[PDB]
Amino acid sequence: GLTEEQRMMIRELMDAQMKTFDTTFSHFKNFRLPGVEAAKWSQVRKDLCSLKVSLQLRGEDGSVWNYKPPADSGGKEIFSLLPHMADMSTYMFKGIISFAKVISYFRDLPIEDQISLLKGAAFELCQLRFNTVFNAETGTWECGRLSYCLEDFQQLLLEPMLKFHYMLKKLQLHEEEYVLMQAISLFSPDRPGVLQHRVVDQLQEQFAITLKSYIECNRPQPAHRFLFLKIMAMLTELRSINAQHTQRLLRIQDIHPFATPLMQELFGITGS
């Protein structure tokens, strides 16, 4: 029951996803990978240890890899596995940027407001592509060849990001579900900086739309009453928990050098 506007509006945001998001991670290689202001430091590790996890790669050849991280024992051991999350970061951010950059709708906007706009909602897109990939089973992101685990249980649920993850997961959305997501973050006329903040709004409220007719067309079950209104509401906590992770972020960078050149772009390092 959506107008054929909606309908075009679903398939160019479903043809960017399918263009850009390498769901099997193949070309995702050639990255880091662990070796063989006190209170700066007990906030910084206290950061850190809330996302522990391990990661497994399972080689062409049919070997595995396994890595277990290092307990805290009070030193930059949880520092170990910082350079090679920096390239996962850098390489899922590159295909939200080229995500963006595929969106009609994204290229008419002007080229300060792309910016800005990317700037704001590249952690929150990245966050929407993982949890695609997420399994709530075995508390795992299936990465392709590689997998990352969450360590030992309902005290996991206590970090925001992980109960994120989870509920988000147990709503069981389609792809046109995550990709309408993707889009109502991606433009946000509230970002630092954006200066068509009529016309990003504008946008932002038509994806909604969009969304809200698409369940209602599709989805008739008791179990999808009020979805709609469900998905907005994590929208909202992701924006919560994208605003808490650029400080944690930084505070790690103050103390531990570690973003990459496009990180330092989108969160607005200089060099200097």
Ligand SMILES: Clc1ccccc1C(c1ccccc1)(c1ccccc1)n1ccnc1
The other form holds:
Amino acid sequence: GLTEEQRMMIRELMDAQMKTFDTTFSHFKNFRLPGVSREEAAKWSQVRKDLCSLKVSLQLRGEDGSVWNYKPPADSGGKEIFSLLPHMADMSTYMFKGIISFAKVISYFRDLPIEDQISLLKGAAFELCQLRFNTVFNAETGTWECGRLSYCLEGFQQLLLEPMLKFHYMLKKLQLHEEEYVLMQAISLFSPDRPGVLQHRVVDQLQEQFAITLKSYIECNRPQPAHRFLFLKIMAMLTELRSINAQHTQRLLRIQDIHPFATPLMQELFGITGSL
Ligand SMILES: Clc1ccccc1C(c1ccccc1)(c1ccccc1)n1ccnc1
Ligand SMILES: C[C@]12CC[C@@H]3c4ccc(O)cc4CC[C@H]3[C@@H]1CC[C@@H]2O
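Let's compare: the form deposited without the named molecule is above, so bring in the form deposited with the named molecule bound.
Shown next: the complete complex, the earlier chain at its head.
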């Protein structure tokens, strides 16, 4: 019951997702791994709380059948809390490159002025990265299954207090289709109120249009009473995700000001110029 414009819109989004989402992470290589007064000190207590919010163990399944497993250390007051940051930066950077390739291919995104493209990517790269991570999140084992790589959360009631983490469990519960995930990525990408956007009217009409398509898709393909208000639930999660984005952006910048680790691409997406 979708229009031909709506059907073509989903086809282009799914096409962009298929071409630019390395779901098996087969081309994520050369990444780093952990080794084998008062105003400058109040930061450390906040950075320490940020890093130990959600900790993950890391597993590498080699192509030969071997398995490396990394269990992170506990906070003992030193620099050991930063051990997984270089790897997290490399993985995030790899996801961001796929996100940027995703946007540049969508026709509605390609047609915007280049400055608005950059403004939209700077605003939504983290959110689309989290949306893609949720499709490989295993809520039964609490693990993000990224091909050869697995990231397992180290009861669980105090862990769902982490907002980003409650988001992953709640979004996974909705059991969305691939078409609904990619429509969420489009709605998040075309948020007309990111810092620096000029064509606020063009982006807003495009976003309302991806939302109408998602609303219509759900109405046509989900009559079950369990999917009542599913569209509104999805839109509420996108609002929460945008807020999680702002929280984690400040967490990153706090950690960056004290222990630099952001890659050049991460610096570009987060406004870091390269000079103190
Ligand atoms: Cl999102 C994610 C996927 C896979 C492994 C780890 C994480 C996580 C993260 C958060 C923001 C940007 C990149 C990765 C993360 C997932 C859920 C809740 C918090 C953080 N993470 C970074 C450090 N420890 C865990
Ligand atoms: C997830 C944290 C905030 C967001 C940080 C981030 C944010 C963005 C990004 O591209 C990578 C990372 C890696 C480290 C993350 C942090 C580790 C602990 C903290 O909670």
